Structures are given as structure tokens and as C-alpha cells.
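This is what each chain is made of:
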Amino acid sequence: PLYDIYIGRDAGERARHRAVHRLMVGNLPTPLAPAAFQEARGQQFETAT
Amino acid sequence: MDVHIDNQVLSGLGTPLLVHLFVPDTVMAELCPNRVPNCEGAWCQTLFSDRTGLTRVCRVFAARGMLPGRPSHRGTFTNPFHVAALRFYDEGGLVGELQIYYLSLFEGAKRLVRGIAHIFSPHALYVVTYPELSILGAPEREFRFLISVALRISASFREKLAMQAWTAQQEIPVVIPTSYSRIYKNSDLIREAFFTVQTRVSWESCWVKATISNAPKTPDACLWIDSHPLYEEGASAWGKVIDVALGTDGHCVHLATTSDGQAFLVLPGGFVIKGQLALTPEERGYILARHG
Amino acid sequence: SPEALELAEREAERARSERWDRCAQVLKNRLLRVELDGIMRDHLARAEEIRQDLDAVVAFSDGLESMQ
Amino acid sequence: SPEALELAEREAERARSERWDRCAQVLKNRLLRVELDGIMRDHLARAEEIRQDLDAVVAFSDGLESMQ
Amino acid sequence: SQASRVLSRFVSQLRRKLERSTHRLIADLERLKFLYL
Amino acid sequence: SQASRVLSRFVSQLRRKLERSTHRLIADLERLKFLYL
Amino acid sequence: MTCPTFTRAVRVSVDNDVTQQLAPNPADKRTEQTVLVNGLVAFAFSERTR
Amino acid sequence: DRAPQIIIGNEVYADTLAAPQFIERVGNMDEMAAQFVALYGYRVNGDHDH
Amino acid sequence: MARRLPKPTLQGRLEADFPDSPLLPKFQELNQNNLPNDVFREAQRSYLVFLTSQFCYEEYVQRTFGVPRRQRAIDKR
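Residue numbers (the entry's author numbering), protein chains in the order written: chain R, 544 to 592; chain C, 1 to 78, 93 to 125, 284 to 305, 330 to 439, 454 to 502; chain E, 35 to 102; chain S, 35 to 102; chain Y, 3113 to 3149; chain A, 3113 to 3149; chain P, 889 to 938; chain X, 741 to 790; chain F, 1 to 77.
Be aware that one or more of the hints could be misleading.
Claimed, not checked - List of simulated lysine-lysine pairs, DSSO-like, C-alpha gap at most 27 Å:
id	chain 1	residue 1	chain 2	residue 2
1	Y	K3145	Y	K3129
2	Y	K3145	C	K124
3	A	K3129	Y	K3129
4	A	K3145	E	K62
5	C	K381	C	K356
6	C	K124	E	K62
7	Y	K3145	S	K62
8	A	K3145	C	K356
9	Y	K3145	A	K3145
10	C	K484	C	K436
11	F	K7	F	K26
12	Y	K3145	E	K62
13	C	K124	C	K381
14	A	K3129	C	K356
15	C	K436	C	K356
16	A	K3145	S	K62
17	C	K436	C	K413
18	C	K484	C	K124
19	E	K62	S	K62
20	C	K484	C	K413
21	A	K3129	A	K3145
No lab work stands behind these hints, which were simulated from the structure alone.
Next up, chain R with everything else stripped away, as it sits in the complex:
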């Protein structure tokens, strides 16, 4: 969940995957957390602080 993985095309050597940190909450894909979840979470944050 914390890392977004991909493959690069190979050249001169078999390619090795690469991973980037998602760095934030909102970068989770919409299939795993739809937008309505984000609206509910924001409303909960506001009621929190």
C-alpha cells in the first residue's frame, strides 16, 4: 500500500522493477478507497479539530 510499483523496459540487462513512495493518503487508487470515503474522512477530520 505504501509503495507504487512499476516495471521499466529492459535494455542491456534484464529490467528490475521500481518502487515510488505514495507519500500521501490520497494517492491510494480509487478502487481501494473511493472518493466518498475521502469525503467522509475529511468531514471526520473537521469534526475532530
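Got chain R; can you put chains C, E, S, Y, A, P, X and F on it based on the hints?
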């Protein structure tokens, strides 16, 4: 700074004078991309701005550490015109040569640690001074050396094509799609292949390692290959050993050197061209002093 | 074909030449910047010596009527 | 698939053919050289100015001693 | 009475022209690096 | 006899060192002209 | 009088946080962004106005 | 505290001691009424593509 | 310039035809010696822009300075 007192007991063995140093991690990122290896193996060398050279002092085996300054990240701890060379490596095969020019080590020891400009790579290098105790030719030699050697190999390939009545055959049984009807412009294959062969230069190319063989028995049965992408789609890899797949995958120009002086140019589609390797005793000796 | 060969050869020549001219330009640029910084550090080191000796003039002037 | 293979290869061909042109210039080194001569002329002028003032300093030191 | 005048006014005259050359080098080298670097 | 000792010795010390900076500029600017160009 | 030159693009690249540093490649631990200098963001243009 | 880099065009930029190398200072219109001629001279003659 | 936006549509023969302005005597100094008619006219046009900018700024500066108290004290006599 412990390796510095670790050296000086036996440091006088190899070389009369040395300079203590520290190398940032972003500076090492030139040598060892996609990795952060330790430098316990890392063995130095020395270099002079004339034909004379001495190497293999093996100065410092140094661990990583943060600098004494708090805002110093996490870097790797360790005639005013020459290209001093250093060679880092680990227990594995991850080896990298870095250049240093004087006017950075002499002037860099100014005043007990200070940043200096690195001419070869645009980043700072830190030098620590113990408080109690013909400009362009010097970097231009290796380049023209390797360029002329590769051009000699290219001329051999051209004459071997001339011997075959300007035709080619296969020596690696890979079935082509048989759809080659100037698709990929079968002439452009050899045009771009010669492009990449004559352009690219690296001290660790295939023929470099193939010239210097430990034994007579084993390297006869050993092949040294390097394949690089067509039209610079990526980075090159040098010095793979063969104790075929490379003829299959397209857009990879393959160069295979034997220990005997044979070179082989493999194109996408398994076609093989032969060439000969010839080095005078002087260039052989210079390469033996460098690589060995 | 025989004719593509010399084409590739001259293209390799031009590519190597342009690479070299550009690398020389960049290196000379960084080197001249480093030289300017060295010149400025030397010149401040010598203007500081001038200041120090002029202030020595001042100090031994302050004791002149004392050595009369 | 051969079609997409040749298409991607020709795309890289286009990219690394456009990457090919570079230029060179000479006059800038001459201009930067003449800049140094200008700076040298100016600094020598100011040096002789301040030197002549320092020389007249001595005459104005020995001269006011007749005013006492 | 004269020494307090001389060995102080001449000193100021020398130092306030000492500083000018440092200021000029500061200006001119930065002019060099901005104009052609 | 003491002013004659001061106001000439110090002036020599100042002139010979105002000569130093110009000597060094002469040296180093030509070093730039030859060594990096 | 002091109106600046052409607007430009400049790429800033920083390392990530110490809590997110862990990864085997040094290239990945950085994140980068592009700043427009002396330019301005803008809304959709009309056809006559473009 | 994380080591940042400013990639301006082609050139990298690391230290604030390189601040007089890569970054320009334009003061107030009041104070910058002295060098407007050189500003215009660079605006017209200058080579902005590099 | 490898590329630039096309020139904005403008009138022609501004500097000479309509006005005779205090800028013209300073403007006359620049010369065309090497440049062709087109590039010379374009650089001329840019220099006229620059002179206008200088003049506008210089007049605005004294517009900003304010009102003197003494001239208002003389309002009586």
C-alpha cells in the same frame, strides 16, 4: 576519523604522501547507481600526468558515517594538474572509478573539514586536514586510446565484410520473423550498430577484460560479451562473461570478444560478423598496468 | 551495402567531435569560475596583509611620542 | 508482436535522432579575455591614485610641523 | 596637539581607501559571473 | 629624530606592499590568459 | 523598467522524509516538482480572445 | 535538513555559496533605477536561450 | 530565439509622422549601420518603448512626491 589512524601505521608502505577525504552519497551515485554498497573493499590507485604510472596502494578501507557537522546528511566516509584515480568496490562486483583533479586537493586543504568543487561531477567534495600533522591532455588520453582501439576493430570488421563479397550469414540459430522487407531498414541496422560501436567508450569494455586473461586453459573456453540498446533506448552494460539469448532479442547490438583476439558483431536476428583484434606491446602494457 | 559504412563513420566522427567540444567548454567554464574564486581569496588575503601592516603603522605611531 | 516492436523502435529512433545537433562558439573566450585587461587597467589606475595620495601624506605630515 | 590630528586623520584617509578596492573587487567579479557566467 | 624614523620606514613598508598586489595581479591574470585559454 | 524576462520552468528535487527513506535505490528516495518562475496560472480562454 | 537540488534548465544548483552564480536579485523599482540601461541592453542583445 | 510569439499588430510610422517629442533628440543617436531595414526598425521600436518607459517612470516619481506645506501657506498672499 578512525580509518585515518588505522592507515598511518602501515600507510607509509605504498606511497609517500596521501590526502584524507570524504565523499558524499550523491557523488557516489555516479559510481554505483540503484545501490548504496559499503566500501570495505574499496582500493585506491594513483595516476600521473605523463606516461609513468604507479597504482595499487590500496589506501583506505572505510565505513560510512555522517559528518561531524550536524547538517551533513549521510555521506560515505574515508604540478597542480593530474587526473588522480580512485577505485571503489565491495565484496561483490560493484566497482567504480572516480576522478579527482589537483587544485581541489591542494587548494581544498585551506584553513577541520571543508567543501571543494568537483570538476568532473558538479557536486561538492569534503576534505579534512589533520591540524597536528597541457591541461586538457591529461584527461584526454584514455578517451582517444579507447577510441582508436575500437576504430581498429571497426576497420577489421569492414575488411572481413569485404572478404565475404559484401554479404553476411548466420552463426546463431534464431528464427527471424521473415517479415524483414526493409522493415527496420535492414541497412539502418548496421548503420546504427556502427554508430553505437564507434561512439561508445568505457574503460571496462569487453575487449579490455578479454585482453587480460589469467590462464591459457580457461579463457579459450570463455567469451566476454556486451550488448547495448539500439538508438540509445537505455544504458549500456559492459563485461558480461559467458561460462543464444542475445541473438534473439531485437534492438540489442551485441559485441563478443574472445581471449585470442577474435571479435564478433551480433545483430538482432543472429547474424554474426567476425573481426580481428590487434594491440601493440605498448597499449597491451598500458592496459595491463591499468586493469592489472 | 558498402556506402552506408563511410556514412556511419563520418557521423561517428562528428558525434565524437561535438561531444568533445561541449565537454571542453563546460570544463573550462567551471575551471575559470574556480580560478576567479582563487583570485578573490588571494586578493583578500593580501588586502588583509595591507590592512595589518597599515594598522602596525598606526600602532607604532601611537607610541612615537613615547620613543622620542 | 513485431508491429509494436518496430513502432517503439522507430519512436526511439526519432527521439535519439533529434537529440543529435549541438553548436560551438569561440568569440566569448575573446570577450572574457578582454574583460580581464579592462579590469587590469582600472585597478592599476586606482592603485597609482591611492599610491600618490599616500605619497602626499608624507608632505602633509612634515608640513604641518611648521604650523606648530 | 598636532599628533592627534596627523596620526588619526591620515589613518582614516588610508583605511577608507583600503575598503574601496575590496568593494570594487566584490562588484567586478560578480559582474563577471553575472554577465558571462 | 623619531618622526624621521617613523614617517619614512612605515611609508616604505606601505609602498613595497602596494606594489605586491599589482605584481600578483600581473602574474595571475596572465596565468589565466595562458593556463585556461 | 524592472519587468522580468521570459517566464521559465525550474525543477526542484528533495529527498523524502527519514521515515520514508528506506528503499534500495537512491534514485527513488527523492521526490521532485516543477515551479513556474515569473509566469501565472490561468483559466480557459475564449476563441476570439485567444 | 533533507539535501535539496535546484535543477535550473540544464544546470544543477546545490549550495547557497553558489547563490551569486544561479540566482538574480532585482531590488525595488526605487533602488533599481541605476542599472536600467544594462537591463535593457541585456533584454535586447542578450542570449536568453542559454 | 529558437521560437517566439508573432509580432503584435500595431500601427506604422509612429515615431516620425504624428509627433515631435522631446524623446526624439535622444532617440536619433542610434544607427542602422549593419542591420537590415526590418531588424533595424524592430530594434528602433523597442528602443522607443524603453524611452517611453523611462519617461513615464520619471514623471510618476514626481507625481508621487506630494504637496508642499509652504505653497499652501502662501495661499493667503
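Can you give the numbers of the hints that this structure goes against, from lowest to highest?
-> 8, 13, 14 and 18
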